[PDB]
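What follows is one chain in structure tokens, specifically the form solved without 2-acetamido-6-fluorobenzoic acid (8BC).
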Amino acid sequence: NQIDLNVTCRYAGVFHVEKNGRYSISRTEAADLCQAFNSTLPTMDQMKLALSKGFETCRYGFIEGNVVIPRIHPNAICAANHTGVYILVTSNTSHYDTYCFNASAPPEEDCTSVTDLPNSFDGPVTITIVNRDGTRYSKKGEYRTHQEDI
């Protein structure tokens, strides 16, 4: 009963979260996950500012209203060489990664580690925050509030 949450640097408060290293988060679970980080799904404007500060990924994730990939450098296999906040238009499927926005983060690039899930609630899941440098913080808890997600 274990969940790995892979987290990135924050850029103007925005970061990327991947559950168990594969696209596996519903829109409802994404909201709950950011909430556990005392964060919200970013708005498009928040994501655009994060991009301008140096945020890019190669993964689809939820923001408020859309599923996107922020791109700085054109790469053929990441949003098909697009740059900017690339918006997913056509897909059959409902599960992706998520982005989250923490208003308390630093204004620009913050590539320090994440060492807590400050707003998770009581629960039986071993939840592990995994940073890109491999540093880990684990706690027993839960964040999912929708039955269909568990």
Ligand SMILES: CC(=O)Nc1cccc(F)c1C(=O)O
The other form holds:
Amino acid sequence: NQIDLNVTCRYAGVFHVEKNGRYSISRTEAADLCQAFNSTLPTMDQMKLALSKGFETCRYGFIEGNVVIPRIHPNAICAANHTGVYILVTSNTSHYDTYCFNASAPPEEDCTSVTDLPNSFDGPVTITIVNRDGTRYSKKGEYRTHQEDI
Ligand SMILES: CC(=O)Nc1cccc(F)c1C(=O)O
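Structure of the form solved in complex with 2-acetamido-6-fluorobenzoic acid (8BC), given the form solved without 2-acetamido-6-fluorobenzoic acid (8BC):
Shown next: the complete complex, the earlier chain at its head.
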């Protein structure tokens, strides 16, 4: 019973979380997952400010109200060469990665590693936070409050 959570740098408190190396998070799960990091789904304004500080990914993830990819450099295989906060318009499917916003994070680029999952609750899952530099933090618990996400 294991969950891998790959996390990024935080940019103005915003970060990306990919679960189990594939698009696998529902919108309900995403809010619960961010809550475990004492975070919330970013607003579009928080995500735009993160982008301006250097945040970009090549993965769709939830924010409040939409599924987006923040892009700085045009790349043909990331949001069809678009820049800015690219908003997913048409998709058949519901599972993506998520973005989270931690208001207590530093104001600009924070590329230190994540070393805690501070607000997960008691549970049976071994949750491992995987940083881009490979460093890991694991803890037994749960963060999913909706049974349909389990
Ligand atoms: C203060 C701070 O940087 N908090 C965090 C940001 C992102 C993810 C996290 F788990 C945390 C934390 O509080 O450990």
